[PDB]
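In structure tokens, the next block holds one chain alone, the form solved without this ligand.
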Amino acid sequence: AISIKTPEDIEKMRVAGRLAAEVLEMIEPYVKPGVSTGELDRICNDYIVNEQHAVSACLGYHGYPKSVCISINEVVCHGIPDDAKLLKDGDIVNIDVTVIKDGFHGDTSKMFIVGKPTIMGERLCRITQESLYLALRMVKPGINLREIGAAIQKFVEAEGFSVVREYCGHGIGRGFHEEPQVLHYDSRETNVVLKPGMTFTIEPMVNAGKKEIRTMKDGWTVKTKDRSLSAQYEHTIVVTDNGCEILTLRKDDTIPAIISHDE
């Protein structure tokens, strides 16, 4: 069931979008060498809850134990903040945040580099981000959701990299994961012509090598099959009459918040 958000809904989202972005803006300083994914997890929850007056949708979601996800290096997804995993150097972590305020979610994620980059590190990240912005621009009404995934795909492989098919982006709003499914790859299955008011996520997961993954014992931690690196960046967006509106834009984003295709 694809939901077309009301204007008000939209105002709500803008809010969740921002709070969510804020948590990532807030944590920036704390992300340094010698940190516990666990602690990081504490600081966020306090913030989301204390200061923010909001809740985290990750918590208990399908039994998820933590408040947010934190995926180090070759961990792909759902990495679980342990009070004992500490931050190296050349560590490239993703923190995926997802927050609920007034019924609506704001879902976003980004990569952080630790205590002096790797090269391969910085490359991937950089590329992952571009592949995301890249889709960001395509977003406009009347476009098939399908040329978007292909696009990311093209870009990414072209760097000798691989796109992950197991996971994908999703509609979002009052429901954490709504319709549709947003695939970061080409597929005949795909066939959605976008409309204003539809809201959803772009969350490309990019491995430096091969598109194959493994799931751990703990039932969450997803790592590369290869043990290659993997990056992801994500944003929550709304389709406008002429392009899109990023509801999770942060200060460090090098893309406008409003993307218009008119004139």
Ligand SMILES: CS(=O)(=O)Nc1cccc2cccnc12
Contents of the next structure:
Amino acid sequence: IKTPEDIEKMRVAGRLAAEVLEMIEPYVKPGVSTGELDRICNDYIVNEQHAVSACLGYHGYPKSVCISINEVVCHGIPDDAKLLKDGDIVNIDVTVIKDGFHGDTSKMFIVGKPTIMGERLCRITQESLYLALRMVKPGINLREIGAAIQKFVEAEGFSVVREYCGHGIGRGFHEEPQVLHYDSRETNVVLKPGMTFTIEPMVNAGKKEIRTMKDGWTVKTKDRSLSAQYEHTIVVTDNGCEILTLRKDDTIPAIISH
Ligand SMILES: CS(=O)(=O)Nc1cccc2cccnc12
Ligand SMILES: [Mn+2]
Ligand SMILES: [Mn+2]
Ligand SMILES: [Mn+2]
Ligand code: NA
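Having looked at the form solved without this ligand, could you now put up the form deposited with this ligand bound?
Let's see the whole complex now, leading with the same chain.
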């Protein structure tokens, strides 16, 4: 449970994280390397935002952002040799620390000519984040929120990745609680005002199972189906929530009141 002043620090950090995604958007084009995208992000964070990437060095992570293409579910490592191409779907997952507090958000970019199925998976995944956000208010259990995401996603013939989840966030990067995106008999966390955490559903076109690669980081779908993710950092309010990482292109308001 964060203090008013700490919540303010989270607004600042969350805005910065959102702004990295706004900044990078025009660079997300056929032909660019994920390596360069990462350099551009890191330069912006250090030099213009006077912040730091939370990811760089975190538990040994080598880069400043995670960039995940098509069948890669999460933790794609920027690389100078990996070029974006027409029809790709790409997640850029950003976390910045500013004044001791973390802001954590990601979105999908569609590269070149969108494919109908890429467009669909991306839209449905964002909608699954959106429906979750509209549920958030004190007195609700996280279990219900995980359950609703799962129900929505699967009704689309998609699946929810189980190995990854949203999380409490503040002066730490991945704090309690775990925010599962599916119904779990383990989840029992009733929301309270001032809690800050993320919601970050990872949705596969095919089966839920994943595979980790040999670089200690990159995760793909076991069946090599497409996978998409969107993420926001939020604070629970008296009556709902406030999205700390909102972007210009978000089709949901910052403050959600009940
Ligand atoms: C820093 S990171 O964005 O690459 N993410 C992570 C790093 C290290 C450990 C993690 C565990 C769960 C989820 N994300 C993790
Ligand atoms: Mn991560
Ligand atoms: Mn993230
Ligand atoms: Mn996160
Ligand atoms: Na993907």
